[PDB]
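Below are the chains, spelled out letter by letter.
Protein chains: 2
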Amino acid sequence: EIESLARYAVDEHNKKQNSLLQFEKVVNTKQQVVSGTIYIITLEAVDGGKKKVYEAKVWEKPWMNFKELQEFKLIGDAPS
Amino acid sequence: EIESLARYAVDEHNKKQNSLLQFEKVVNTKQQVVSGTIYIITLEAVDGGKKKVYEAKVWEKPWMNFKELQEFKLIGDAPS
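Line by line, the protein sequences give chains A and A'. A prime marks a further copy of an entry chain. For the first sequence, the authors' numbering assigns the number 18 to the initial residue and increments by one for each residue that follows. For the second sequence, the authors' numbering assigns the number 18 to the initial residue and increments by one for each residue that follows.
The shape of chain A in the complex, shown without the other chains:
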């Protein structure tokens, strides 16, 4: 059950930074139901005088007045 997710977490953490944390045991797990919407927004914005295109991923739970930026990247220049 949860031990598999904990080993995965350690494995992924180790793979990220080339560490060798050696999983021992789960102490306790809390769990949170995940809900709401992710908006994958393609948008235009001007950067130093040049218009460019970006992609933003924003998580919203509007009934809670909650929003959180998840990811934001440059797509490329708008046409010259």
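Bear in mind the hints are in silico, worked out from the structure with no lab data behind them. A portion of the hints provided could be inaccurate.
Copies of the same chain are indistinguishable here, so a pair counts whether it falls within one copy or spans any two.
[Said to hold, decoys possible] Heads up, simulated DSBU-like pairs for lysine-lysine below, C-alpha to C-alpha not over 35 Å straight-line:
{"#": "1", "residue 1": "32", "residue 2": "69"}
{"#": "2", "residue 1": "90", "residue 2": "67"}
{"#": "3", "residue 1": "68", "residue 2": "78"}
Take the given structure of chain A and dock chain A' to it, following the hints.
Coordinates of chain A' only, in the frame set by chain A:
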């Protein structure tokens, strides 16, 4: 509607790196329903011979065989 989330995204991005991207417009939005469970796992793992305590946040959508590590941090040393 979506323009507010796009301005928030640009605002949060700007606040992160002290840039002044100037939002122009939304081109298109895709949206994805967010579901599944986040497990906040407190676990013990050994690092260079010393047992320590970590917190991992793992998102699971088991009906899709999906899992994703969201966050992983050191809590502290186990007792000496």
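Here's how the hints hold up against the structure:
In the homo-oligomer, the alpha carbons of residue 32 and residue 69 lie at most 35 Å apart both inside one protomer (34 Å) and across protomers (18 Å), since each shortest distance falls under that limit. Taking identical chains as interchangeable, the C-alpha atoms of residue 90 and residue 67 lie at most 35 Å apart only when both belong to the same chain, with a minimum of 16 Å there against 39 Å between chains. In this homomeric assembly, residue 68 and residue 78 come within 35 Å of each other (Cα to Cα) only inside a single copy, at 30 Å, whereas the closest approach across copies is 38 Å.
When each numbered hint is compared with the structure, no violation occurs for any of them.
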